[PDB]
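Heads up, the chain below is alone and in the form solved without the named molecule; it's given as structure tokens.
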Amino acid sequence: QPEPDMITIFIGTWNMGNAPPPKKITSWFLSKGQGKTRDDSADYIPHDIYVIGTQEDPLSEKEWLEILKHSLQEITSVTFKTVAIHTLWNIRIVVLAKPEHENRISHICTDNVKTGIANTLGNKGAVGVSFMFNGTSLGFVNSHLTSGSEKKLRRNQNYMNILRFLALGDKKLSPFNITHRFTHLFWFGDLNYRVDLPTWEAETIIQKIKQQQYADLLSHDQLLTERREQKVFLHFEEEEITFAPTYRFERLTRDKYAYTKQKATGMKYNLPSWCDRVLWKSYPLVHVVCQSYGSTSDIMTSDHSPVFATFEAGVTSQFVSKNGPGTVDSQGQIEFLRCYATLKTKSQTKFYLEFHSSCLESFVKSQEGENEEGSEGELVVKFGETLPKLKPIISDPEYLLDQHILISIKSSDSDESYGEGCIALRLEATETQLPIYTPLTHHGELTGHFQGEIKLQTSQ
């Protein structure tokens, strides 16, 4: 029975509005409704992994698991296995997988982050799950960010706290946050970004939604505009939105948006918005294709509609050779030529690199680089031909060309990372000097760049 090189992943996000779900929620898991929807011919084909994020979830874990499993069994005639479930307040993540994957899944981690301080600590934050699927690391984050049209900067701060403090994946990757720890990272939830148009325009917005004309609304969506200005979700992807705003509906129909200020809303307007979103970030040159992104039309217990997204994702096998794991394969090596880091820092410490990868027995520290002043004020750290030769555990090109090297640039004075990035080994050639590049981030914000050349030697 061969190991897969692709799987499909279902991502769901639903703010349930503290109400129990209706009897039938299968449309969610079938990717049926508005937007980029799934073909009817696929309805019986189970996804490999289902990741369900809820917010304002009033159910017990047991109650929700029974609904989810019975839903999937009705669609697919498969009894899914529970990989993980984690709840913070009313924010919940459930991971289900096909039974045939039970012995492919390992290193399961869960964690949560509470956002805010005092007043603003007690219901917003995030839950997450990570695991290995054979040779591939997967991370999943469900966040419920701060509400209200005038709080986009708070949402952006919530995002930065969650990616700094959520403790998922390989703890040995100590310089790296969740935005670098996984082959594929999916981040979804009630992100709560709004369509920033004047309150007076509410009926105009409703008109536009009825005409399925979303362009003038999406051009004011706070998540798209903040992402374009590099304020949040740097280096994440989102599929184009082709479904109506998923908030704020009158319950028990989808015919009416309830936007007017009420005591129940703290006298705030809730103009129709795309609160409910799915984004992802995968390592460079790994296959990931979004195959659906949309909302349901027939699940009306909440003031939000459920959102679905599905993905094809490349996966790799748990590789064994005669040599590694448990030794190196002298027939493999990774060399770096003419490398330099460009950093936005004002500081003047020396810097060194760390190279982390599951193709190495352990991480590798470089010598300190040579600081020069760049022509436009920047710090340039030169490594020249000084970087250590990396010794992979396995030399087979079928394994090595699928790997990635994480890079941290660290201060010699504090050993703190000033920037993190990732290089793919999926090269156009072996035994050939080829340009490499990554942006560098710290706490998910841009801090610099790393560029140079690589020379990869495989057994072929």
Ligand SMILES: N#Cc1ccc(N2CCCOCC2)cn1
Second form
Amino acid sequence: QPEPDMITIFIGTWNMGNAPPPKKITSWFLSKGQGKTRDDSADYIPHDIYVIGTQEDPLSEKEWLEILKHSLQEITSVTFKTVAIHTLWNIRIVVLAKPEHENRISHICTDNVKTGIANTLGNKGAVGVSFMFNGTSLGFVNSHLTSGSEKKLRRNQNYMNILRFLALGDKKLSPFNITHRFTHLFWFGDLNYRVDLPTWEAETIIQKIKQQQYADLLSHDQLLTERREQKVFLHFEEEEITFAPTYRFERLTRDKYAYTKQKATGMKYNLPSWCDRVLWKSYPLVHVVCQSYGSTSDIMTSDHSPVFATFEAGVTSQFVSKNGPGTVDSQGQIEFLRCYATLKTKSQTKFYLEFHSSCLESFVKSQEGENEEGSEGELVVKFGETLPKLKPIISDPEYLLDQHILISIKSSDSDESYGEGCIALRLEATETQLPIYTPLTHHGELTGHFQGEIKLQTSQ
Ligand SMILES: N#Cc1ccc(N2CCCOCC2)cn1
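Starting from the form solved without the named molecule above, please write out the structure of the form solved in complex with the named molecule.
Below, the chain from earlier opens the complete complex, with every other chain and molecule after it.
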């Protein structure tokens, strides 16, 4: 029975509004309703992995697991295995997988982050799950961010706290936050970004939604505009939105948006918004294709509609050779030529690099680079041909060309990372000097760039 080189992943996010679900929620897992929906001919085909994020979830873990498993069994006739479940307050993540994957999944991690301080600590934050699927690392974050149309900067701060403090994946990747630890990272939830139009325009917005004319609303969506100004979710992807705003509905219908201020809302307006979102980030040149992104029309217990997204995701096999794992394959090498980091820092410390990769026995520290002043007032750190030759554990090109090298540039004075990035080994050629590039980030914000050339030697 062969190992897969692709799997499909379902991501669901639903803010349940503290109400139990209706008796049937199969439309959610079938990707049926509005937006980019799944073909009817696929209805019996199970996804490999289902990841369900809830917010304002009033159920126990047992109660929700029973509903989810009974829903999937009715759709697929498969009894899914529980990989992980983790709950912070009323924010929950469930990961289910086909039973045939039980011995492909390992290194399961869960964590949460509580956002805010005093007044604003106690209900918002995030839960996460990570695991290995054969040779591929997968991370999943369900966040419930700060509410309210005039709190976009608080949401952005919540995002940065969650990616800094959520402790998932390989703890040996110490310089790297969750935005670099995984082959594929999915980040979803009630992100709570709103359509930023005047209150007076509420009925005009509703009109537009009834006409399925979303363009002048999406041009005011705070998550799209904050992402375009590089204020949040830098280097993440989102599918085009082609479904109506998923908040705020009158319960028990979808015919009415309830936007007006009420004592129950703190006298705040809730103009129709795309609160409920799925975003992803995958390593460079790894296959990831969104095959659905939409909302359900028939689940009406909450003031939010459920959102679905599904993905094709490339995966790799747990590679064994005669040599690695547990020795190097001296037929393999990675050389970095003429590399330099450009940093936005005002600091004048020396810097060194660390190279991290599951193709190495352990991470590799470089010598310090040579600092020069860039013309437009920046730091350029030159490494020359000084960088250590990296010795992968396996030289087979079928393995090595699928790997990635994480890079951290660290201060000699503090050993703190000033920037992190990732280089694919999926090269156009081996034994050939080729350009490489990554942006560098720290705490998820842009701090610089790393560029140079690579020369990869494989056994072929
Ligand atoms: N994705 C992923 C992944 C890979 C390894 C891992 N562990 C072993 C090394 C120490 O890190 C924490 C536990 C955890 N998660």
